[PDB]
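*Asks:* Each chain, written out:
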Amino acid sequence: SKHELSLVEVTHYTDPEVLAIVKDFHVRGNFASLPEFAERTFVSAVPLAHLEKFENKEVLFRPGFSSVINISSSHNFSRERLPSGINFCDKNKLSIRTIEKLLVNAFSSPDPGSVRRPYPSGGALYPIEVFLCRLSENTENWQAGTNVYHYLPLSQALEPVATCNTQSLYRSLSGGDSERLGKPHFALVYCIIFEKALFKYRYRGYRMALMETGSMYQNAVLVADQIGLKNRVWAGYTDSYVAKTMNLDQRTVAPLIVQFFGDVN
Amino acid sequence: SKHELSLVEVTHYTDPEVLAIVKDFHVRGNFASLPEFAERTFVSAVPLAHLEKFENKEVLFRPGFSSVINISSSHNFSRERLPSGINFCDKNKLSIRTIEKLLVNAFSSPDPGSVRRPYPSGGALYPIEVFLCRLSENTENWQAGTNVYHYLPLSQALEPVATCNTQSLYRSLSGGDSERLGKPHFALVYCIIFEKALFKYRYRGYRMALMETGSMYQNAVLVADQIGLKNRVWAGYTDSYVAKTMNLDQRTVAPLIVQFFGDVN
Amino acid sequence: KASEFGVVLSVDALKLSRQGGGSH
Amino acid sequence: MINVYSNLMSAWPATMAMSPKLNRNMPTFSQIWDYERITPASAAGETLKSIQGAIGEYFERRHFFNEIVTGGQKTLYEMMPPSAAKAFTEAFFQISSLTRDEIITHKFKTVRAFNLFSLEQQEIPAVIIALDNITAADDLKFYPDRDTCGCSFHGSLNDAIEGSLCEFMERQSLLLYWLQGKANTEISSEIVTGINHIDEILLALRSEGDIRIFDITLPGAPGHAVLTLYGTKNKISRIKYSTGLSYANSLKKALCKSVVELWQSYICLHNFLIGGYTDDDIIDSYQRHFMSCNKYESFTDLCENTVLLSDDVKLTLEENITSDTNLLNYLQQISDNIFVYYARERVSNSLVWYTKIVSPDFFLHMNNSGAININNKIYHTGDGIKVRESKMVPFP
Amino acid sequence: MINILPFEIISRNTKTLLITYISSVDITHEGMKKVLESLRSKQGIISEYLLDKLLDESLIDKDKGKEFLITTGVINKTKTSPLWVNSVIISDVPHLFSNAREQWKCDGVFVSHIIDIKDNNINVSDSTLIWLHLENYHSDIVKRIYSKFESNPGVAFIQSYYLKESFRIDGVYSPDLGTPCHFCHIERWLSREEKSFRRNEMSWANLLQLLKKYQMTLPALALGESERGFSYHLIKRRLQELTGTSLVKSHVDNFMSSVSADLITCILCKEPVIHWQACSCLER
Amino acid sequence: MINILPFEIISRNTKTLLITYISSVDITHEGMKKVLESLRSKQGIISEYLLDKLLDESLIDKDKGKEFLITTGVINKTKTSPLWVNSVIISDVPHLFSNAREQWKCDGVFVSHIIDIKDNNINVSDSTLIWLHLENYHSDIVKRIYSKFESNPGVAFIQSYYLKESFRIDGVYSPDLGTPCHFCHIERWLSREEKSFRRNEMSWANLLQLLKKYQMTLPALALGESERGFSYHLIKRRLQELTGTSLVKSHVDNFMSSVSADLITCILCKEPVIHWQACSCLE
Amino acid sequence: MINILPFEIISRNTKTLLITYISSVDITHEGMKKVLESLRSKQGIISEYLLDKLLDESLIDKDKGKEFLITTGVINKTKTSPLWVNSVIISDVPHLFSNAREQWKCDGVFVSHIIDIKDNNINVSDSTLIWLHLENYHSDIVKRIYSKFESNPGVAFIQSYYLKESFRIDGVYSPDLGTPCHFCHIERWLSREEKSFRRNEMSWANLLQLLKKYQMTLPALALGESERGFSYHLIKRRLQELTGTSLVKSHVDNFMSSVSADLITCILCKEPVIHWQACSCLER
Ligand SMILES: Cc1cc2nc3c(=O)[nH]c(=O)nc-3n(C[C@H](O)[C@H](O)[C@H](O)COP(=O)(O)O)c2cc1C
Ligand SMILES: Cc1cc2nc3c(=O)[nH]c(=O)nc-3n(C[C@H](O)[C@H](O)[C@H](O)COP(=O)(O)O)c2cc1C
Ligand SMILES: [Cl-]
Ligand SMILES: [Cl-]
Ligand SMILES: [Cl-]
Ligand SMILES: [Zn+2]
Ligand SMILES: [Zn+2]
Ligand SMILES: [Zn+2]
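One line per chain: the protein sequences are A, B, C, D, E, F and G, in this order.
Going from the first sequence to UniProt numbering is simple: count from 1 and add 1.
Going from the second sequence to UniProt numbering is simple: count from 1 and add 1.
Reading the third sequence from the start, the letters are residues 4 to 22, 42, 64, 66 to 68 in UniProt numbering.
Reminder that position 175 of the fourth sequence reads as 175 in UniProt numbering, one-by-one numbering, no gaps.
Going from the fifth sequence to UniProt numbering is simple: count from 1 and add 11.
Going from the sixth sequence to UniProt numbering is simple: count from 1 and add 11.
Going from the seventh sequence to UniProt numbering is simple: count from 1 and add 11.
Because the hints were derived from the structure by calculation, they are not lab data.
Heads up, a few of these hints could be off.
[To be verified] Quick list of in silico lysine to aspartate or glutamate cross-link-like pairs, EDC-like style, CA-CA up to 20 Å:
no.	chain 1	residue 1	chain 2	residue 2
1	B	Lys94	B	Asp264
2	G	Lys260	B	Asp178
3	G	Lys260	A	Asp16
Start from the sequences and build out the full structure, keeping to the hints where you can.
*Replies:* In structure tokens form, the structure reads like this:
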């Protein structure tokens, strides 16, 4: 708000060829992931029986060869990342305080006068926007009836986005695999504003924006672990349906990734 | 090595249409960034005089409007991320111990028997590879004459990659802006293996891989700050020249982003 | 395969496996 | 890469792929999988050669294993000139327990051939050429052990014959070396080639274990058959032993191809072993035997029983006065009875060619643990190391 | 729900063979032969009560009989409630579909009505997929259909039409799901057809044209019976993918996307289209 | 003009062996050695005038020389103008094509007759492409048609039939041009199943061989009107591609390609067809 | 280094006007008029010593004179040591370039030699950009040039040739920089030209063709003088971008990329090509 930028200024520099070619590509990775499409679609091009041989492996620069410089584990001073949560359970109330703790620590400076964030960004352009989705009636709320907000990392404030009900957001965000997912308290949705990602650096800016998205959810992972939340980054959703449910304009902004948060019991 | 996966297994599931379309797109974001091209090329589509209005801002869901739910800074328990380093100075010796501390903490479990990493990954496929580039003769070394290694996050070991000299890597990685960069001790180079990113999830896997790259450099940022290193994520490099210098095969693997590390004095 | 109703002559194994949303 | 998939009812095989690799200086590996119609066909080297080699390896193996139809049925003396028929009779008399009378009155299934030197048209026994058990089912009592020695595939007859000649030389050289332990020379194990992908392999092998490079070319023969051997004691290494072999006119060329052959065998077995694949996935008894030879004692046994004709280890790869001589003249002086089986098929406005060079005056196949013509124009029982005579060479 | 898959059951002398997409079986049981013949004459879906009765009549254990029929590829059992409860085909050539409602039941496709575009008072139920197929394209026809039915709860549309030498099937337009409409598609194709080597369709020449009332027809080749028959099969199969008996699963990244067919080469191209910048379908 | 076919000559001392796609011939005339040597390096095309010059120079009677070259498969004499005047469709479902001859005029496709495979006494004119379309496949039906018409001047064949979920269109088989036949594909495919290093006990070859033993056809699986309309159009467009074609204006890969269509996905797969050395079409 | 930019300096009666790409000036100083006329007759680069002398002769302060000449767009001062110290053009039509070495100096382009492809013992220096332009394409010609010069320290290549109705300029092939070669380009275009609606070029039809010796010519339209003149300008401008007086800067993401021109419409398409999977340029 004190830090507001109008997208009218950004579009002044947009190359329309770049923008079209990037969107055309991006949409290739969108999913139609719905419970009703379960038996007539698939996700994995690898059969489930052969997946295990591909998971948690190392590809080598010199395959067949074992000559390596071993490094000691004694230099590791970190805690082990918690396993990603699955069949979340919302039996407990979750306070807005807990959700506020996540947001400010993941995405904002402790100094509210500062404009520097805990993740870097190409050109300091910060093209990725964070939306909060309230998914359980056992999740405490700020504004009654409002279940989508937009987190303003510099102002350190939530902007009201949508008054869609809790079951519609959950259905859109959880795609076809909602029974395995269970019932999370809330989600973060990380969204690219195409023209903000493209205006300065052109195609390379898209790459920078997607990478930035990963820096952001990673901070959320680490913060989540320290405050007692389980989480799971999640790609099993219908992109356009999530967008529509959140009242996003798909010509300007698209959901790159969802991240679920809650308890596991 | 105990966790080795052959790319022959991966290619068994490759859709060649997907692979071609993804590469065709990816290359659109490659740069030709060299000191010798400085006066006949440009990077920023926005004039330097107008950049400041785009930097460190907030785009709003409801532009023109100020109705927000403010969150308190008192919930922030974090340290402020250090400004990204620039004109790095390599006057001091930097130990392999410091570099080992970075690697294991950023990318590996403290438990060397574990196959779980401190960042998540779609399908647990971990398609992004981390290469170490030694850039100063004041940086201590493991194997004399070897300046590119490949970090094996599960084995917790460095695999020798290239015996190119320190000035060739520096020139390739620093592009046209090397005088402003100064002299870092080392770099990490994060690299997508296309077929590993694509084989299971198709186009969406590329998106997942680029996001994963950001989760990884972010862990490196945070670890770097705690162990007294300055760093800067860096996109100003000639992709193909970096690849060639590191002896990477551009048909299989490409550098997504470089990250410089060192001191600032 | 083997049943009281007949003897299986042939199988399209790729299609049978499908009858080259995590992890496994 | 490539990744061409065919319907099971297609003429073409299930899959063709060029494997990705991180390292631009490692050879490219290409592979065709085709269920268990044949075992997977692969080639390694420069990219295009790897792709061409895999395609050709596939055509070759498919032809000899799955596709031969015999041309008729004749006794040996109807089938060819009398001194050729006599040489076959003496080969087959060692192979089975059957009598000379039984051998000469038996009507063998026939395939087309010509004499390597005179180009005279004839037929030879189909039972030596076809690797399935149906084509010459009734002849297998005479010749039960078959293999692909001397087989080749190419887009010209000349190239196919040359491919077959090279392999013939490789295999006849290997067996003679195997039986006697005699090599002509040893190439320095620290040899630098100047060729990026060759030196890359050599450097990785020398750091994982040790190598020995021997010129094992048939004595008096032109060209160079280079045998590369590898072994390690290193506990965590899956491959304890490997080998590669190649014959060319150029010594450098033979050495380079030999190195790449070793890498190809090394990696295929390595990948089988880290895949966790089972013994039931192995359908080829030469592959099964080679797999059981993956131990360090294969390496020491070869090296400690190798006798060099020259003690001076070669630091460089120049040819000599013998390299240059005529290979056909050299072979004809040993035997007139060298035949080229051939077949051909139109592909667009071209012909592709399948060939196998066969001689009953040389080893008819490479398994001396089986039923083999041990006494021939290059070897007789008792010349070599006795245990080797009944034991198959550790080579795939 | 039990779906009867494609198969034949043939006999000559004392020999009977079952052949499906999955397997072939030398059938040696008269009971199962009768059962298989009965399933062969039925169209698409069969009540499990009827299957059980058929099995009982031929004195065959129901679980063993069912297990056989499923594993061999004669039938399968689907559990999922689908998105559109029903399909309708609206067309300027309704005669072309005059046997489609009956025929396509064998492919598990439920089309309740073939509707002539000429009709006033065209009505459609909730959660219905509307397929609009036009030989004689006019954009006003599509606009009229959207105007009537966009607000129907759970509705979706597919549009099919001809452009140059191609048959075009748009991706699924679902307001609920936020997917691109017909106009988002036809603009993608009309710009790609301009011989100006640019993805970006926008110039002052295009801006001045957007001042006029948006309306248009499309150039295309004359259709013969073979082109129509080819089109008829593509429509059936596409509807089958979406709402009928699934024979081959589509990946989630292409399932709702457009399908274009060149009528000369018979080559298909499946492609997801973006929302056209100047379209307001996502504003509605 | 003259198409020069692929061949090889191998020479050793004064001995020369000629191998074509159908022959192996000892060449002991120096003249014919020089005729063959020259044609080898001529890249496929040669005019009547040049061949006659080459023959006259090598002291070889022009007629006996050309007859040898044609018979042994060194050359063929294909037309500049279209190879096939007209087409005929022979089918077990001729009623499917009851309007095809009229309809397809406007696509430039000329089909003179639709013929029931059940007819006794099928005649076909010279220089006519024979399209054999079968809903119920048996290899003797192809065998019969081939035996009846192989010797018709200028004849060619193409076959279409159903293999499980696929509709397959074979390449064009032309005795005059020496292109592969139906069996070059299917018998070779069966051979590969029969002679598999490890036989798949559930091979589709078991079905096809058991249908032979039991004297049954392989039925197309549950074809409806839409599958037939789809097939009808593929047939129309393939015929269109084969109309107007010669070796002058067209290219041998137009004949030596098969088209397979998955009837579910509607996806076409165009694949090369090659000769099988073992096939009886080569005798 | 001082580069003289495009401008005119015109006079009639007592009026003199300077017109550049940047500005126009009513010139009221006889000294600067003379200076401007002198710069106008020179070709491309001028030694700062000569500029200073020219200014002194017309009694003009050197800093004020230089400041004027730079800000108005008459000259500029460049500081960068460029990548290729020199260019050569190798061609089957060397006559077409017979005045190019002299003319193109005014655009700041240094071409040391025009070389006929027919010549034996073609030699090239270190850090030289080799432009290979062929009207009569054969892949053996390109292979020969690579075989001779790939190992030259600091070398790079551009290839230009005709395909159908297009003039093609490959991206810059630089072994040092790891960029795609000619064969990576021509395979991209030959596959795009196949009317099989697929990006993926690979099928068994292509695999069997790769068994034969890689060699080929390309179909294209007959060239007239206008096509050649158009091609000549595109070559000049491309060389100018890379090694000459930069007038318009290229973005770093397209600078080394291919440029294709349709000779009918005169539309240009700049496109980065990937390494072709079956090419071994990056293995060398
Ligand atoms: C993907 C990415 C690429 C970047 N590339 C560059 C670069 O090429 N040059 C540079 O000076 N800084 C680069 N940065 C650093 C940003 O300019 C920096 O994060 C931003 O200006 C904010 O400053 P801070 O990191 O010091 O807070 C990059 C950051 C990211 C996330
Ligand atoms: C970009 C991204 C997308 C993901 N999408 C999903 C998903 O759709 N469903 C799911 O169950 N897990 C998803 N995951 C979680 C991974 O499956 C998980 O990180 C991996 O299996 C390792 O398990 P861990 O996180 O518990 O160590 C995703 C992770 C990432 C980084
Ligand atoms: Cl050689
Ligand atoms: Cl109405
Ligand atoms: Cl030369
Ligand atoms: Zn729209
Ligand atoms: Zn045949
Ligand atoms: Zn290349």
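*Asks:* Hints the structure violates: just list their numbers, smallest first.
*Replies:* none
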